[PDB]
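Single-letter residue listing:
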Amino acid sequence: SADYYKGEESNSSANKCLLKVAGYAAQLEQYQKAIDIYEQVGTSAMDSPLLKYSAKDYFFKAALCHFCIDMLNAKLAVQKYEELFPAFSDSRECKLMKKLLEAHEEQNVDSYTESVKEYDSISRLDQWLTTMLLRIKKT
Amino acid sequence: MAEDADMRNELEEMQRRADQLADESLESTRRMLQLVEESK
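From first to last, the protein sequence lines are chains A and B.
With positions in the first sequence counted from 1, the corresponding number in the UniProt record's numbering is that position plus 147.
Residue 39 in the UniProt record's numbering is what sits at position 39 of the second sequence, and the numbering runs on without skipping anything.
No wet-lab data here; the hints were simulated from the structure.
A portion of the hints provided could be inaccurate.
BS3-like mimics (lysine-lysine), calculated; alpha carbons at most 25 angstroms apart, straight line [said to hold, decoys possible]:
id: 1; chain 1: A; residue 1: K242; chain 2: A; residue 2: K222
id: 2; chain 1: A; residue 1: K153; chain 2: A; residue 2: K167
id: 3; chain 1: A; residue 1: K227; chain 2: A; residue 2: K153
id: 4; chain 1: B; residue 1: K40; chain 2: A; residue 2: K163
id: 5; chain 1: B; residue 1: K40; chain 2: A; residue 2: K284
id: 6; chain 1: A; residue 1: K246; chain 2: A; residue 2: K227
id: 7; chain 1: B; residue 1: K40; chain 2: A; residue 2: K285
id: 8; chain 1: A; residue 1: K227; chain 2: A; residue 2: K180
id: 9; chain 1: A; residue 1: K199; chain 2: A; residue 2: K222
id: 10; chain 1: B; residue 1: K40; chain 2: A; residue 2: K199
id: 11; chain 1: A; residue 1: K153; chain 2: A; residue 2: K222
id: 12; chain 1: A; residue 1: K153; chain 2: B; residue 2: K40
id: 13; chain 1: A; residue 1: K242; chain 2: A; residue 2: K285
id: 14; chain 1: A; residue 1: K264; chain 2: A; residue 2: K284
id: 15; chain 1: B; residue 1: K40; chain 2: A; residue 2: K242
id: 16; chain 1: A; residue 1: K167; chain 2: A; residue 2: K180
id: 17; chain 1: B; residue 1: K40; chain 2: A; residue 2: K245
Cβ-Cβ distance ranges computed for the label pairs, FRET-style [said to hold, decoys possible]:
id: 18; chain 1: A; residue 1: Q177; chain 2: B; residue 2: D23; range: 17 to 23 angstroms
id: 19; chain 1: A; residue 1: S268; chain 2: B; residue 2: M14; range: 39 to 45 angstroms
id: 20; chain 1: A; residue 1: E265; chain 2: B; residue 2: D19; range: 37 to 43 angstroms
Every residue gets a Cβ at the ideal spot worked out from N, C-alpha and C, and that includes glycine.
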């Protein structure tokens, strides 16, 4: 369906289908496709004034999806997102990822879970993000 | 000094009134922040 709509040049509809496919794929434990799709949608959405505000969210999700692969590439991707989309630095997402990475660097799982609980209290979390964070926490 | 004791206890009750008011203020501020974050 996304290919059919792309052939019709009807944008803003293939993007949602690709995002759904990427999320379900990430749930299926295939992250390269999810990372690529989320990055592509984010780079397609930065230039849009209306969607720009949501773009940060996409970036955040992508950065979380790359977290499982390895810590070093997670830090590198955080740097790349901060440098390419400087506005993203303002959001609390960067602070949250930095605190989580700091907690992992010293095996300080307690700080990790305290930060996760505080953020959840501020705003209730989604099933996908909860599962991703729990799977990461296993390490 | 029992009555004076209770007068002191009333003073501490006023202090705890101030404390309670501060607490419910703190809660109100938290609810502010939560709703303001939610609207986005």
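Hints, one by one, checked against the model:
1. Between the alpha carbons of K242 of chain A and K222 of chain A the distance comes to roughly 13 angstroms, so the proposed pair stays at or under 25 angstroms and holds.
2. A threshold of 25 angstroms between alpha carbons decides the hint, and for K153 of chain A with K167 of chain A the separation of about 16 angstroms falls inside it, so the pair holds.
3. A C-alpha spacing of about 29 angstroms is found between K227 of chain A and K153 of chain A, which places the hinted pair above 25 angstroms, so the restraint is violated.
4. Proposed proximity of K40 of chain B and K163 of chain A is supported: the alpha carbons are some 20 angstroms apart, at most 25 angstroms.
5. Between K40 of chain B and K284 of chain A, the direct Cα distance comes to roughly 29 angstroms. Violation of the 25 angstroms bound is thereby established for this hinted pair.
6. Note on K246 of chain A and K227 of chain A: the hinted pairing holds, with a Cα-Cα distance of about 18 angstroms set against a maximum of 25 angstroms.
7. A threshold of 25 angstroms between alpha carbons decides the hint, and for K40 of chain B with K285 of chain A the separation of about 32 angstroms lies outside it, so the pair is violated.
8. For the hint pairing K227 of chain A with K180 of chain A, the CA-to-CA distance comes to about 19 angstroms; that is within 25 angstroms, so the pair holds.
9. Annotation: proposed proximity of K199 of chain A to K222 of chain A holds, straight-line Cα distance about 23 angstroms (limit 25 angstroms).
10. With a C-alpha separation of about 13 angstroms, the suggested pair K40 of chain B and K199 of chain A falls inside the 25 angstroms cut-off, and the hint holds.
11. The hinted pair formed by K153 of chain A and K222 of chain A fails the criterion: a straight-line CA distance of about 34 angstroms is larger than 25 angstroms.
12. A C-alpha spacing of about 30 angstroms is found between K153 of chain A and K40 of chain B, which places the hinted pair above 25 angstroms, so the restraint is violated.
13. Among the hinted pairs, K242 of chain A with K285 of chain A is consistent with the structure: their alpha-carbon atoms are about 22 angstroms apart, no more than 25 angstroms.
14. In summary, the hint linking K264 of chain A to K284 of chain A is supported, as the alpha carbons are separated by about 13 angstroms, within the 25 angstroms threshold.
15. Restraint check for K40 of chain B and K242 of chain A: satisfied, since their Cα atoms lie roughly 19 angstroms apart, inside the 25 angstroms limit.
16. Simply put, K167 of chain A and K180 of chain A have alpha-carbon atoms about 12 angstroms apart, close enough for the 25 angstroms limit, and the pair holds.
17. At most 25 angstroms may separate the alpha-carbon atoms for a hinted pair to count; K40 of chain B and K245 of chain A meet this at roughly 23 angstroms.
18. As the Cβ distance of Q177 of chain A to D23 of chain B is approximately 49 angstroms, the hint placing it in 17 to 23 angstroms is violated.
19. A beta carbon spacing of about 32 angstroms between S268 of chain A and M14 of chain B contradicts the range 39 to 45 angstroms that was offered as a hint.
20. For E265 of chain A paired with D19 of chain B, a C-beta distance near 24 angstroms fails the hint of 37 to 43 angstroms.
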